[PDB]
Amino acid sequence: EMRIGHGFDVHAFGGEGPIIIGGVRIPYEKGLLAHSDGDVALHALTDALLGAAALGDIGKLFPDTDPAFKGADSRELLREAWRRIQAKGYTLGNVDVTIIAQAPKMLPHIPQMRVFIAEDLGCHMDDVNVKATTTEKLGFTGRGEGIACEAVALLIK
């Protein structure tokens, strides 16, 4: 018994760095603006896990509206989403995350991202894949306006 999910997120650059991606603080000349900490990777992953569980999305569980989630970081949101998915009967298959960013270079921070996600999800590191790619100077990411992320997940019952 297996179930698929998909997530996608974008955050627009603003302010100063560091930016936070997959739980890791990365030195960069500007920050990521958000109601939240702007962790596009953990947000997209959270939506994919919630999607596979038919529990909706991050905004559904954690409205900006609701003061209870004020100041929560993305790993806290991920762990809470995961607790609710697990109470629904699911366990982790695997996840795959694709960060879309012209800069900064992601791959030196990626090992650490994988450990944080694997810790947060109670899974083996081998169940977690993160990668990055540019859009070769094209689009809002290529122009350096923001960063995006796509993620997929497989849950088991």
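Numbering follows the first chain given and starts at 1. Only the largest set of C-alpha atoms that superpose within 1.5 Å between the two forms is called the rigid core. First, how it differs from the form deposited in another entry.
Core-superposed comparison between the two forms: among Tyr28, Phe69, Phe116, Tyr90, the single residue whose C-alpha moves by 2 Å or more is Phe69.
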Second form
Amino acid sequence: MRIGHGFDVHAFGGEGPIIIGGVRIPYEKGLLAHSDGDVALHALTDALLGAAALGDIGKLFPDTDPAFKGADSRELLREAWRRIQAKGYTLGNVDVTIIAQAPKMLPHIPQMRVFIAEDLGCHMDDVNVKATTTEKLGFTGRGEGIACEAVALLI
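Could the form deposited in another entry be given as well, to go with the form deposited in one PDB entry?
Here we give the lone chain, stripped of any partners or molecules.
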């Protein structure tokens, strides 16, 4: 068994919606990023790659490479997962923590779990997503962006 941890942040910019955990969530502002800016899946990806000792998302899918512009972070998740499985690992379970003042993530979590469980080829019970605000404190509390943390356990 191997443990992994990921952390990611994206700033708000433009018109909504935002894509979090693969779900299109309505919001006043959108998120700025090379890909679709899915903070949750990026953090999740780093956790899995980390547990596999494969590095991180930027190393495998460079900000510079134009092939990843507007990229579906789920596509990146699946590829990172493919490579991980090739190194010989299987999923243990993953846990994600979205840190945002708004929008409300709770109603979208079930669908996020559905998408992630599909992408990782596992049972929905092997996937957990949660959210918390920083009580108006910080860049997240001031609504400047969304952060996300994740841990993974590979077998």
